[PDB]
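*Asks:* If you want the building blocks of each chain, they are given just below.
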Amino acid sequence: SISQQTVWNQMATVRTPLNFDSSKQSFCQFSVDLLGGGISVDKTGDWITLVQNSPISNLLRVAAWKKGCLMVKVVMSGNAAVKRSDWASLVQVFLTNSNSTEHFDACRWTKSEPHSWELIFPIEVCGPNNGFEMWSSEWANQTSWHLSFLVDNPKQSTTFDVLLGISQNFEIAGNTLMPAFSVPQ
Amino acid sequence: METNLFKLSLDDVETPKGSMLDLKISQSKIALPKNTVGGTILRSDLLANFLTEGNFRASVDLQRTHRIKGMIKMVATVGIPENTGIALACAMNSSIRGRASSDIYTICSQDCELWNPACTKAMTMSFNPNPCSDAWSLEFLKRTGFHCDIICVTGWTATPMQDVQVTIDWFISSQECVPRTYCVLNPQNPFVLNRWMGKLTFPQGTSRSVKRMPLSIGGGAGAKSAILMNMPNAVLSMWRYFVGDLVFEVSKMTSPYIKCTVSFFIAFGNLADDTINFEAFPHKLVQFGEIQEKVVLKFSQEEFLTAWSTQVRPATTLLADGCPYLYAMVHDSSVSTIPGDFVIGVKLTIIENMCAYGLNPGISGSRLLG
Amino acid sequence: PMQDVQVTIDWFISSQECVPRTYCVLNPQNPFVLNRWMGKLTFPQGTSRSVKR
RNA sequence: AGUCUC
RNA sequence: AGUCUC
RNA sequence: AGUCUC
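Chains as they are written, first to last, in PDB author numbering: chain 1, 1 to 185; chain 2, 1 to 370; chain 2', 160 to 212. A prime marks a further copy of an entry chain.
Hints were generated in silico from the structure; no laboratory data involved. Any given hint could turn out to be false.
[To be verified] Sample of chain 2 residues at the chain 2' side, in silico, Cβ under 10 Å: (1) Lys29; (2) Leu32; (3) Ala158; (4) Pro160.
[Claimed, not checked] Below, computed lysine-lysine pairings styled on DSS-like, alpha-carbon distance capped at 30 Å: (5) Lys199 (chain 2') x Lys29 (chain 2); (6) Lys73 (chain 2) x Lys199 (chain 2'); (7) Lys284 (chain 2) x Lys121 (chain 2).
Here a beta-carbon is modelled for each residue, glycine too, at the ideal position from N, C-alpha and C.
All chains should be modelled from the sequences, with the hints used to inform the complete structure.
*Replies:* If you want it as C-alpha cells, here you go:
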C-alpha cells in the first residue's frame with residue numbers, strides 16, 4: 001500500500017485577469033473541471049490559467065473509469081499590497097457535478113479572509129458501471145465534479161492554486177486516448 | 001384453441017450462445033496500400049462501427065441483446081511472402097477525447113496486438129470492452145466512445161506487387177468477460193503495464209549500434225514540447241521509487257530476410273559504446289527463426305540492487321543518470337541480401353513482485369522514446 | 160529457372176499386391192471413386208474477391 | 001495477469 | 001393423423 | 001477407397 005505524508009499534486013493555477021475592469025462589473029468567474037482536467041473562464045479579461053502535468057493531473061485525464069475518494073485543497077494567494085484594513089473582497093466556491101445551470105450544488109462555501117486562505121475538502125467518485133463513473137459520458141448520462149468560483153473584486157483575491165491528493169481506495173479502469181499534453185517553458 | 005401469448009418465450013434475456021459461425025457479428029476489410037509507411041493509420045474509428053459491418057448470423061443479436069457476457073473476439077487475416085515484412089497493430093481503448101494521439105505508445109496499453117504478416121498469417125485476439133465489469137453491449141460501446149485503431153507500426157520492408165487488404169472477422173466469444181481494474185495506491189501482482197519502450201533499428205553492417213532504454217519509465221513518453229500518456233503508465237508515475245521482475249516482449253517488425261543477433265543486458269548510462277566486456281554482465285542473446293516474430297525476455301529483480309526513481313529530470317545526462325538502463329546491441333552483424341534495417345519493437349509487458357516506495361510530486365516533461 | 164530442368168522417375172515392382180477396382184454401373188460402391196477435375200482457379204494479385212463458381 | 005498457441 | 005389447447 | 005505420409 002504505497003503512501004507518503006504531505007504529498008499532494010498540483011492540478012491548476014488560475015490567475016485573475018490583470019486587465020479586469022471594475023467599472024464594467026465587480027466580479028468575475030472561472031470553473032475547474034476536477035475530473036476532466038479543464039479550466040473555464042470569463043470574457044471579463046485576459047485570464048492566466050494553467051493545468052500542471054503532475055502525476056495526478058495526468059492520471060485523471062487519461063483514466064476512463066474512476067471510483068473512490070480524492071482530496072481537494074484550494075489556496076488563494078492575494079494582493080499583498082492592499083492594507084488589511086482596506087480588504088473588500090470575497091470569493092464564493094461551489095461544487096456541482098455539472099456546469100449546467102439546472103444542476104443544484106453539492107456544496108457551497110464563501111471565503112473572505114484577507115490576503116490569503118485555504119480550503120480543504122474531499123470529493124468522491126460514484127458511478128453506474130460498477131460504482132465506476134466515466135467523465136461526462138452520455139452513457140448513463142454520467143457526470144463529473146466541477147469547482148466553480150465567483151471572485152468579487154479580482155484585484156485583491158488574485159490567485160488560486162488547486163492541489164489534489166489521491167486516497168488509498170481510488171481505483172480506475174480503462175484508458176482514454178488523449179492528445180499530447182503540452183509541456184510549458 | 002386460443003394461444004396464450006404470455007406463456008410464449010419472447011422475453012429471453014440470455015447472452016448469445018453457439019458455434020463461431022453462429023456467433024459471427026461483423027467483418028471489416030482494412031486496406032493496406034503497397035506504399036504504406038509506418039506511423040500510418042490504416043483505420044481509426046469507434047469500435048461500434050467495426051462491429052456493425054455486414055449482416056452475419058449474430059448481427060441482430062448484437063443489436064438486440066441488452067447484456068452480452070462473452071468477450072469480443074477478432075480473427076485478422078493476411079499473408080505476405082518471407083522476403084518482405086510489415087508490422088501492424090490493432091489497438092483497443094475505452095474512450096477517446098479530441099484529436100488523440102495514434103502513436104504506438106499511446107494506443108497499446110489496454111488491449112493491443114502487434115503482428116508481422118510475414119510470420120503470423122492469421123492472428124486472434126479476445127478482449128473485454130468493459131474493464132470494470134463482466135458484460136458489455138452495443139449501446140454501451142456507442143455512447144461510451146470505445147475506440148479501435150489499426151495502424152502500421154513499421155512500413156513494408158519490400159513493397160508488394162499490388163495493394164493488400166487485411167480482413168477481420170468479429171465474433172462474440174464463448175469465454176466470459178472478466179474485469180481488470182487498477183487500485184492506484186495498491187498495485188496487484190503482476191502489475192500490467194504494457195508500456196512501449198521504443199522501436200529499435202539496427203542498420204546492415206558490422207556496427208554495434210548500442211541502444212539505451214532508460215528504466216525510469218514514469219511521466220509518459222516524450223514528444224515535441226509535450227508528453228504522451230496512457231493509463232497504466234500514469235499509475236506507475238504516482239509512485240516515487242520502484243523495482244520488480246521486468247518482462248519484455250520483443251517483436252521482429254521487419255522481413256524474415258534481415259538477420260541479426262541482438263544482445264540484451266542491464267547496465268548504467270555511463271558506459272561507452274565500445275566497452276569491450278559488456279557481455280561480462282548477465283545477458284541474453286536473441287535470434288529469430290524465419291517465421292518467428294515474438295520473443296519474451298524476463299529480467300529478474302536480482303539484476304537490480306535497489307529500487308530506482310520512477311521519474312528523472314528529462315535533461316539528465318547519461319553520465320549523471322543513476323537509474324538502470326536496458327541495453328540492446330548487435331552481437332555479430334546485421335546482414336541481408338535485400339535492403340533494409342533490422343527493426344525490433346520492445347514492450348514492457350508486466351512487472352512481477354513489484355515493490356514501490358513513496359508518492360511522487362512529479363517532474364515536468366519526459367524523454368523521447370525510440 | 161536459370162537453366163533447363165529434368166525430372167527423374169525410378170520404376171519398381173512393388174511388394175504390395177495388386178487389387179482390383181471395378182465399377183458396377185447401376186450399383187455404385189461406397190465410396191464412389193470419381194476423380195473429376197473441377198477446374199484450375201486463378202486469383203490475380205490484388206484486393207479483388209474473384210468469386211469462382 | 002490477460003490474450004495466444006498447443 | 002397432424003395442428004392446437006391444457 | 002486407393003495412393004501417400006508417418
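*Asks:* Take a quick look at whether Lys199 (chain 2') and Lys29 (chain 2) sit within 30 Å of each other, Cα to Cα.
*Replies:* holds (27 Å)
*Asks:* Verify the interface restraint on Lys29 (chain 2): the C-beta must sit less than 10 Å from at least one C-beta of chain 2'.
*Replies:* holds (8 Å)
*Asks:* Would the stated hint for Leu32 (chain 2) survive a check requiring a Cβ distance to chain 2' of less than 10 Å?
*Replies:* Since the shortest Cβ distance to chain 2' is 9 Å, the answer is holds.
*Asks:* Are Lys284 (chain 2) and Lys121 (chain 2) close enough, with their CA atoms no more than 30 Å apart?
*Replies:* Holds: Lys284 (chain 2) and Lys121 (chain 2) sit about 28 Å apart, inside 30 Å.
*Asks:* Hey, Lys73 (chain 2) versus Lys199 (chain 2'), does the alpha-carbon distance stay inside 30 Å?
*Replies:* violated (35 Å)
*Asks:* For the hint on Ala158 (chain 2), does the least C-beta distance to chain 2' fall short of 10 Å?
*Replies:* With a closest approach of 14 Å, the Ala158 (chain 2) hint is violated.
*Asks:* With chain 2' as the partner, please determine if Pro160 (chain 2) meets the hint condition of a C-beta pair closer than 10 Å.
*Replies:* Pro160 (chain 2) check passes; min Cβ-Cβ to chain 2' is 8 Å, inside 10 Å.
The structure fails hints 3, 6 (numbered hints given earlier, in ascending order).
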